[PDB]
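**Q** Given next are the chains, with one letter for each unit.
Number of protein chains: 2
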Amino acid sequence: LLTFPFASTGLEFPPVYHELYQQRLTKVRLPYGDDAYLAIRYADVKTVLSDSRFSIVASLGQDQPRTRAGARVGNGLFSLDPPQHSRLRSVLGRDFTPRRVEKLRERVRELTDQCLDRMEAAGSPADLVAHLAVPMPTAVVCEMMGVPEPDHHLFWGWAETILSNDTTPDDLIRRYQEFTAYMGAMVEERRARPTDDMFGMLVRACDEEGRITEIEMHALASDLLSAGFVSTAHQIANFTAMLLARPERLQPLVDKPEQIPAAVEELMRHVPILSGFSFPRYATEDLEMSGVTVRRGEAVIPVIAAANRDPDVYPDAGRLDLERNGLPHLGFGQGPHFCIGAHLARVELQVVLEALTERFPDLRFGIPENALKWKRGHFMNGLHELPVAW
Amino acid sequence: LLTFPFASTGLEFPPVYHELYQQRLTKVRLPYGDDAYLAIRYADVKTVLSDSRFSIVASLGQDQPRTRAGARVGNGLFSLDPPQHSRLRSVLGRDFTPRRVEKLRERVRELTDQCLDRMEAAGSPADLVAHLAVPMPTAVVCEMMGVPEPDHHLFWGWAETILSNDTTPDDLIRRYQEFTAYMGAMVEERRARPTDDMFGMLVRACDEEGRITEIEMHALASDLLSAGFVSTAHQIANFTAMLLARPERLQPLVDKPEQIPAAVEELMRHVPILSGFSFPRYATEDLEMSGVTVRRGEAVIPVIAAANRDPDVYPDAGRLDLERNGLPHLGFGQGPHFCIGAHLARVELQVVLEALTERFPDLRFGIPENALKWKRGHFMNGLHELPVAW
Ligand code: HEM
Ligand code: HEM
Ligand SMILES: CC[C@H]1[C@H]2[C@H](C[C@H]1C)[C@H]1C[C@H]3/C=C/C(O)=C4/C(=O)N[C@@H](CCCNC(=O)/C=C\C[C@@H]3[C@H]1[C@@H]1O[C@@H]12)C4=O
Ligand SMILES: CC[C@H]1[C@H]2[C@H](C[C@H]1C)[C@H]1C[C@H]3/C=C/C(O)=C4/C(=O)N[C@@H](CCCNC(=O)/C=C\C[C@@H]3[C@H]1[C@@H]1O[C@@H]12)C4=O
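Going line by line, the protein sequences match chains B and A. Position one of the first sequence corresponds to residue 19 (PDB author numbering), numbered consecutively onward. Position one of the second sequence corresponds to residue 19 (PDB author numbering), numbered consecutively onward.
A hint or two may mislead.
Copies of the same chain look alike in the list, so a pair counts if it works inside one copy or between any two.
[Unchecked claim] Taking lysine to any residue pairs in the SDA-like style, the calculated list, with each CA pair at most 25 angstroms apart, reads:
| # | residue 1 | residue 2 |
| --- | --- | --- |
| 1 | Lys45 | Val109 |
| 2 | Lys393 | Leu268 |
| 3 | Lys64 | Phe114 |
| 4 | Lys45 | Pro166 |
| 5 | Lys64 | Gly351 |
| 6 | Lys274 | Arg264 |
| 7 | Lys45 | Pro275 |
| 8 | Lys45 | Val34 |
| 9 | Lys64 | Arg229 |
Since the hints were made in silico from the structure, they are not lab data.
Work out the full structure: start from the sequences and follow the hints.
**A** Rendered as structure tokens:
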């Protein structure tokens with residue numbers, strides 16, 4: 019069988035996908051776990067993500083297809099199907115609706131401004147990863163949750179552990195133990211002095227209203243503080259690097275600031291954020307997909323980066339066209355597990371581009387593009403550093 | 019209770035939504051059937067359409083909230099929840115993927131050109147509704163299914179019965195009898211001799227593969243010949259009118275054809291196609307929506323038109339901006355029942371704007387704007403006629 023993931027470096031999209039688009043659904047071998055099919059057509063990835071005949075739960079003795087040594091297991095949102103998944107997420111739902119997140123726009127800009135004050139002070143050329151991509155989205159969720167600045171580094175360490183392909187089940191226990199200890203102390207603080215932040219809301223959801231158990235309270239906290247900043251950090255960097263590699267760099271968005279939202283969406287579509295893949299889903303019954311009968315219990319991987327370059331949905335898919343305004347990309351997923359933070363990410367990315375265009379309109383690479391240190395072996399594509407000059 | 023639908027005329031967005039968006043989920047009373055909540059925020063209409071806790075089936079004795087006198091009931095796709103819905107739909111799925119539908123672009127343009135030849139031959143001013151909006155999408159699906167041209171008028175009549183608010187269960191009996199008779203004949207004919215058309219595919223699905231039963235084959239065919247062209251017909255005229263009512267008319271799209279797909283999407287967002295509403299959904303368990311506890315069994319109506327002008331999703335929502343390339347609209351719906359024809363409709367609307375810009379760049383209203391005969395009190399908004407000049 020073909021082995022997956024395929025060879026690529028940086029944000030490269032590998033040419034093998036252009037072969038597979040026109041073939042039937044193909045089975046691949048993965049680094050750990052059972053084999054799986056590769057959903058790469060737009061409609062197929064949509065199906066895998068959103069159709070009730072695909073379960074995110076391995077209930078028929080499957081060995082989870084994956085790139086990480088330890089199978090991804092827990093009691094939080096990625097471990098549940100609807101309706102259980104739906105009631106649990108609805109504990110967070112109302113804090114991530116556009117109507118709520120839109121109110122954060124100002125604070126996001128403020129934090130972004132502080133970061134850039136600090137970058138400007140450091141002087142050209144500076145590492146935009148260290149000065150902006152890491153700090154800003156981390157502050158955003160940590161102050162949303164109620165985690166003090168000085169502990170941010172702990173949550174980076176736990177999130178890298180989740181995301182590292184070389185993490186073992188032991189490594190995950192160690193994480194679980196450390197994280198539980200941390201939040202447990204935070205729970206006790208909030209019980210004695212209640213706070214208005216999200217963790218406070220979670221503690222009340224548990225203690226007062228009896229809406230969730232302690233296990234669910236911790237699980238949701240773990241999900242947000244794990245999923246909630248490392249992805250945006252990687253994208254802040256990926257997005258700027260994509261833009262600076264263009265002859266005109268930021269100038270189109272300097273000239274036409276009203277096109278920044280569209281630009282954010284095109285980049286969401288075009289950047290292959292993952293060198294791995296997310297959760298496989300499993301057929302709850304036999305079903306047909308791209309010329310193949312997928313049997314009950316068999317795993318299908320949703321390759322969202324291939325979806326976002328489907329030749330039939332997106333003409334000239336490999337071209338970054340910031341005016342494309344393409345059909346709706348799958349970069350935040352689809353169906354039940356559609357990114358609960360999708361609007362917050364869009365706000366964070368719109369705000370980063372606003373602030374860079376307004377403050378550093380002549381922003382450019384601070385080293386030769388050829389010297390950029392892309393992450394090589396990692397679950398997520400991105401940059402170790404992004405030196406920029408102004 | 020607040021009565022719904024709200025007063026509006028033509029494609030006017032009624033101002034009352036600007037009130038309701040700020041407020042908690044509100045309950046309305048309908049022309050027929052039980053009362054229901056009005057889902058109007060983006061995220062809420064999404065939930066209603068996509069969340070498994072919302073069923074399209076009244077399984078607890080409910081009287082379907084509606085504007086039509088006779089309740090909407092049958093054996094096709096709008097009468098099913100997943101997975102039963104999913105299994106029936108999958109019989110058609112393959113034929114409506116973008117990969118399949120993109121192959122129809124040539125033929126859709128051919129038919130659009132024939133329509134425009136007749137219009138031009140009729141002479142300025144001419145009615146674009148009669149010459150293009152009605153014939154072209156009717157011909158597209160009927161020839162897809164294998165229905166001959168001379169019989170198109172019959173399918174228009176059956177479709178309007180379904181869509182007319184003044185239709186009784188008796189009128190629906192007549193329709194069903196007439197329609198079943200007609201497709202029965204088509205079935206005999208396809209059984210006596212194979213044809214490579216969509217109805218012929220349904221016949222193979224019933225007779226040869228035993229995938230579906232005879233009344234499901236009929237249902238599916240009825241769904242497609244009912245939903246499959248009156249909507250596109252109404253939008254072709256709605257879209258053209260929207261464009262012709264602006265100072266610049268068609269010139270922005272003449273000048274930049276590459277923006278035609280984006281305009282189609284903005285129009286889909288902006289145009290309130292329904293005066294009424296689609297199917298209500300029923301909560302299958304207690305849940306929270308916009309500050310209200312929706313109890314099990316209670317109905318919630320997804321108001322697509324309102325979601326598409328959600329003030330927090332869409333800044334300045336009332337403005338038709340063809341470059342907006344906004345966050346994805348709910349105009350083709352969402353979840354299980356997301357329009358099976360969405361790509362075909364995008365193809366049809368794109369091709370119509372391509373053909374109109376290329377052939378009639380100085381297209382303009384053929385009568386004074388205030389004379390336009392907008393449909394009054396009908397289920398869908400639109401024009402009885404659209405005189406155009408060139
Ligand atoms: C550019 C940044 C981001 C990207 C590209 C992204 C992408 C995604 C994708 C594709 C999924 C679904 C994976 C699957 O279905 O297998 C997901 C889920 C999730 N994301 Fe995001 N995300 C981003 C930012 C955020 C933010 C800012 C937050 C929270 C503050 C967040 C929290 C979550 C959570 C909790 C889930 C699981 C939701 C569920 O299973 O119900 N993400 N994200
Ligand atoms: C501008 C044109 C169109 C618009 C605005 C439109 C809109 C919609 C919407 C919003 C729904 C879902 C309603 C709900 O969930 O309550 C739907 C369903 C449906 N549409 Fe379309 N549609 C269009 C064109 C078409 C075309 C061209 C076809 C051709 C086959 C078609 C066939 C269907 C069918 C069969 C369903 C039911 C699907 C299901 O329940 O699984 N429609 N449409
Ligand atoms: C750029 C977007 C990427 C996403 C990525 C998929 C990509 C599209 C998911 C993959 C999740 C793995 C999760 C995971 O391995 C586990 C696990 O081992 N146990 C549980 C409970 C442990 C605590 N919760 C979590 O850590 C929950 C989410 C963290 C990540 C999350 C990242 O945001 C980035 C679980 O969810
Ligand atoms: C602008 C788009 C509009 C859509 C509209 C909702 C809007 C968003 C739906 C509403 C459906 C009503 C359906 C309906 O009344 C019935 C009924 O009475 N019996 C069944 C079986 C009868 C045979 N199937 C059908 O007629 C199936 C679809 C036709 C319409 C369909 C039109 O595309 C237009 C049924 O579905």
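**Q** Indicate, hint by hint, whether the structure satisfies it.
**A** Each hint, compared with the structure:
Taking identical chains as interchangeable, the C-alpha atoms of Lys45 and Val109 lie at most 25 angstroms apart only when they sit on different chains, with a minimum of 24 angstroms there against 37 angstroms within one chain. Taking the shortest Cα distances, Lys393 and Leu268 sit within 25 angstroms of each other inside one copy (24 angstroms), while across copies they are farther apart (48 angstroms). Taking CA atoms no more than 25 angstroms apart as the test, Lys64 paired with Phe114 passes in both settings, with 22 angstroms inside one copy and 14 angstroms between copies. For the homomeric pair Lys45 and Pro166, neither the shortest alpha-carbon distance inside one copy (46 angstroms) nor that between copies (43 angstroms) is at most 25 angstroms.
Taking the closest pair of Cα atoms, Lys64 and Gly351 come within 25 angstroms of each other both inside a single copy (8 angstroms) and across two copies (14 angstroms). Within a single copy, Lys274 and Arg264 get their C-alpha atoms as close as 16 angstroms, and across copies as close as 23 angstroms, so both meet the 25 angstroms cut-off. Within a single copy, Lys45 and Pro275 get their C-alpha atoms no closer than 44 angstroms, and across copies no closer than 40 angstroms, so neither meets the 25 angstroms cut-off. For the homomeric pair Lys45 and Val34, the shortest alpha-carbon distance inside one copy (14 angstroms) is at most 25 angstroms, but the shortest distance between copies (53 angstroms) is not.
For a Cα distance limit of 25 angstroms, the shortest separation of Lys64 from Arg229 across copies, 24 angstroms, qualifies, whereas the shortest one inside one copy, 31 angstroms, does not.
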